[PDB]
Amino acid sequence: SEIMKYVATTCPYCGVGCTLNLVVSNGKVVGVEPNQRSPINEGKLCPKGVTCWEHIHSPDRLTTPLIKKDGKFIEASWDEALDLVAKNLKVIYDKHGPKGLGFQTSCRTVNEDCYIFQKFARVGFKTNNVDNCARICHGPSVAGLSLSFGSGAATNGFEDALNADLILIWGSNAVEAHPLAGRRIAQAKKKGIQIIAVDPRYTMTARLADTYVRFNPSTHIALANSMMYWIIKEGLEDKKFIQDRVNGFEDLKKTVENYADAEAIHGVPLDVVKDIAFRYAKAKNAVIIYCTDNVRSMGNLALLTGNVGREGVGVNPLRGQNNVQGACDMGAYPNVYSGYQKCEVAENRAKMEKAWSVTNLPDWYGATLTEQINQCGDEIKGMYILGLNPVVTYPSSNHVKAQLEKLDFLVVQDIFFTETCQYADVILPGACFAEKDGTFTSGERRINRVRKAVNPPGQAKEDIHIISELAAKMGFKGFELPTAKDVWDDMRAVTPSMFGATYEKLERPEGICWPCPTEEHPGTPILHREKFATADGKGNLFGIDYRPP
Amino acid sequence: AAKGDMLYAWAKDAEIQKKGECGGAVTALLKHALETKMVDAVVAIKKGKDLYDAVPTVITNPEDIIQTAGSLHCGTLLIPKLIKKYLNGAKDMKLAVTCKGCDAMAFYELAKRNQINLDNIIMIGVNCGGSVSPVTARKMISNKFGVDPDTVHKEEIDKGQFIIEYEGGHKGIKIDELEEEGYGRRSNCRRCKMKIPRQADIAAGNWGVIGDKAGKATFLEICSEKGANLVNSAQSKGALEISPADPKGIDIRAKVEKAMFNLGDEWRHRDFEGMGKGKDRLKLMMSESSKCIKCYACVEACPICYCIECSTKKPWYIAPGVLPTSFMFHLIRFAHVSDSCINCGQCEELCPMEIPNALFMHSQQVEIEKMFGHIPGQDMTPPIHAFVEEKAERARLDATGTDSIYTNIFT
Amino acid sequence: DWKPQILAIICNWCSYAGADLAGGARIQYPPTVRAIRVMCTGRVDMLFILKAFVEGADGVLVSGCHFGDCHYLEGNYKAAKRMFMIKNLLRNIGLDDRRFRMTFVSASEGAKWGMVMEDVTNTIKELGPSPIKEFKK
Ligand SMILES: Cc1cc2nc3c(=O)[nH]c(=O)nc-3n(C[C@H](O)[C@H](O)[C@H](O)COP(=O)(O)OP(=O)(O)OC[C@H]3O[C@@H](n4cnc5c(N)ncnc54)[C@H](O)[C@@H]3O)c2cc1C
Ligand code: SF4
Ligand code: SF4
Ligand code: SF4
Ligand code: SF4
Ligand code: SF4
Ligand code: FES
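Chains as they are written, first to last, in UniProt numbering: chain A, 5 to 295, 305 to 562; chain B, 2 to 412; chain C, 4 to 140.
Read the hints as simulated data drawn from the structure, not as lab findings.
For each residue, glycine too, the CB sits at the ideal point set by N, CA and C.
Check before you lean on any hint, since a few could be wrong.
Computed footprint of chain A on chain B, listed as stretches where at least three residues anywhere in the stretch have a Cβ under 8 Å from a Cβ of chain A [stated by the list, open to error]:
1) 84-93
2) 352-363
Quick list of in silico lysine-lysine cross-link-like pairs, DSS-like style, CA-CA up to 25 Å [to be verified]:
3) C:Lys136 with B:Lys278
4) C:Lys139 with A:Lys193
5) B:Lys278 with A:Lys195
6) B:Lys315 with C:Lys139
7) B:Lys284 with C:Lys139
8) C:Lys6 with B:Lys284
9) B:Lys38 with B:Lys92
Model the full structure from these sequences, guided by the hints.
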């Protein structure tokens, strides 16, 4: 057939979204090659990207559906397994309404599968009990940055920090995780850019920094409060910015004026505090790289120094999962439909109803991952898990196992036989990133294409196909979407932003950044261009008091 | 026609001759070899996307080489290591491969180390005056040329300037001016001196073609009997036209080659003294190499690194988990590669941490060369440590005029 | 506070014999060099020398048989070529190449072994502490 064919794809291992070539010989992925054309990484990959191809053709991959029949799983046909799932979901619905079911996907999955998964969870039985890894993962920082600015995403890109004078890494292992985001720090120091690292431990990304600052762990609020106190005290705040685009300054004033001497809390001497504070406030264009109160303090700093809406500046919280941003965008949260359209507002609730040809959408705040797992027997019973391994990921794994065994009809879709699989009643095999054909979304809001290299191992299918077949079994209208392009077009019709991100535009190696409202718009690589995304269009900066644990 | 002839060559097929960068002779020769069954496949470069994307391609259908026609100056890749990894080193199948000077040198390095079969491989070598990274070319065009890069149709380095053809006209800027401003050819391409691959089987270029054929003929130099046979077969079956080259063309070809040698020497100088001398060079090297995150891209991309397991992976040399890795990691590559480095730049350009691997390695290589007199990538000469000789060892000890190896070795 | 750390890698058949003969003849020299004793100097890999220098050897000495007197017919020609190349690498990484030398000591040259010991110690003392130990940090 084919000998050494190159297929361009996105790396599935973190939020940088590096591009790579998979080498496919006789329908087998046999290696990973650089793609020098990519703007994100210029053909450069970390160890994970270099060896992403190893797990694709493992013998352990699930090949056919499995059904727990009075013990060990026996081999089932697709029709059999799907009819079983449809029957059990139907009965649990008809007995316990929409509260009885529970959905959660992984951030490993492509945008089209996250969107169709949340569409399945809402168009059919109307439940907002949909969620994903981002809760239990490191950062609920999206909510905090949303409160500060309006969009919880990173304000600027990665190439953008090359334009600053004062990259300020803060508590980030940006070279251990996101190494090709830390490549920007390496390039910047080669260009001679002031770099200040502030992690509690001397990490390999703190080696690159001109100044390194220890502080006692769990004291970010105190340290940032001190820095803002000195900025205010010597008046290096940005008056036009604060008076024009920011609100809450008096509250910040009261809250911070109690942090003149905080050496007791954080270990940083007042001399070093003044040094970093004045370097940051004096830098004309300074970018913060972060990795709830902790992220709103960063928003406080950026708003206080007027470092937001411009090239070479901003706040860039690093995500960590390959498609966590994409899942949140597609609307795999309890409270947002898609593109962060809140379900609390009847306006877009009715817009969803009209677009999806369904009635009486829930509007109540769903149950997050831990909410579901804790109430996994009390009112929730019946659970579809799209790619999670909760027994290995959640803390108190034994409690997780107890709750899952308290559960009626778990369904698990995975590419491998995990530990959570033993507790499933049905196991639907899935496809990995080399067999899907969707899109990922980087941490810098960039939509990248994933391309099909090989076929799923045996009888395994990809998630859009599985969910469409299940919805056709259960009699749900609106899941006639045979391709990732059709799923994407349905999503685009639904969402106001991302309306310009057609696949003919995503076939560009550059990709598209998420606020792309029209088809001629080139994208929005820098957010909050001259107005924010809150009610008055003005960022709010809050006063946080440090709580000792 | 016989191993040393210098010819003008263009394709009989008008479409092949249009799509060739010059006369289409590389694409006519490759097509002929494939369809007359000298070779079982053809490894060439095609555009996968915009002309800034160069994708290697194994082609077995003779109908697909018209897609390979044209030269991509943003193709900074290296072919021979892909043939070893995913084509079993050409141990069972004949191939015909289009290659630049660095790609011919890499072929010879891997054949020295027994990793490919040059009896099976046919190397059609192209002249190379330099390659540009695709993304750097984009930034060049956006900033210095003041053009939207997606507008460009074709783009080439001709007469030492960067001609781009966009909608509206064409432009040109001296590559030396660009290279001073911080753009241009890759660093190793600036230092390169393998301009006409005379170690390949055929050397094709646009240098020395003068007069009525200045854009519709390829200057061919027949560098081996295998290439002579390929050319004679193509000319007889009528896929390729041959006229003897013009002596004035040969002369100015020699002059341009010599000038490119001098420019390469100047860049070698300014770069190697830019690295420093004494303990300053050790702080440059050590502080740069402290960035390495052990992605091993430099090892997997180097043509000379053919080892099943690198010694950089052995726990008695490098501690497995310590990430701010030792200088031993790069000392083990200086020791193993620097004697034969072909200055391909792959190690430098695939490094996520932007470490000047190629600059360090070539700075060591140039004077390992002027010490032992071994030029990498030219022929089947075994590596310096794979062939030690009694008389030569006596000679270097006597030349030091000393009873040991301590001093009077360098000037 | 500082004592030179010199490491020697001496072959078994001429340099170890020469050092043993010097000891037997009671030739005194300073106690600064510690030896490793491989069979031939052909065994000495480049990575041994580089590993020593990166661990912090202020000096490295490799001692073997004279040319034409290797126990294994030609194993010290290979070592000589390797050490010439090592001298070149250390000069181009900016470390002082006179921290390394290769001496040819026969089995009967105990006096010459003592003189080699003295001269290596003197040269390293002049050179001073190696820079790697502070460049690491
Ligand atoms: C990056 C680059 C720089 C060059 N610089 C010069 C120069 O300064 N002076 C000069 O006289 N000639 C240069 N050449 C060669 C020049 O294009 C030749 O005149 C041309 O190859 C003649 O062949 P043709 O037009 O007859 O056949 P063509 O139809 O052009 O055949 C060209 C062949 O080269 C292959 N190819 C294309 N891009 C690459 C690449 N990046 N790496 C390897 N193979 C590739 C194509 O697949 C095709 O088989 C350069 C070539 C490249 C690729
Ligand atoms: S930096 Fe992240 S996305 Fe890029 S190759 Fe490494 S793990 Fe994959
Ligand atoms: S290294 Fe030399 S031969 Fe290779 S592309 Fe650069 S200039 Fe051409
Ligand atoms: S490519 Fe660069 S980062 Fe990767 S191992 Fe080599 S030197 Fe280190
Ligand atoms: S060390 Fe780097 S420049 Fe030298 S041959 Fe290997 S890849 Fe090419
Ligand atoms: S560095 Fe040395 S051991 Fe490692 S792959 Fe290259 S040649 Fe082999
Ligand atoms: S036996 Fe001593 S050098 Fe070989």
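Status of each hint after checking the structure:
no.	hint	verdict
1	84-93	holds (count 3)
2	352-363	holds (count 4)
3	C:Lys136 with B:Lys278	holds, 19 Å
4	C:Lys139 with A:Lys193	holds, 19 Å
5	B:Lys278 with A:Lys195	holds, 22 Å
6	B:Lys315 with C:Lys139	holds, 21 Å
7	B:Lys284 with C:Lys139	holds, 9 Å
8	C:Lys6 with B:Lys284	holds, 24 Å
9	B:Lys38 with B:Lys92	holds, 17 Å
The structure agrees with every numbered hint stated previously.
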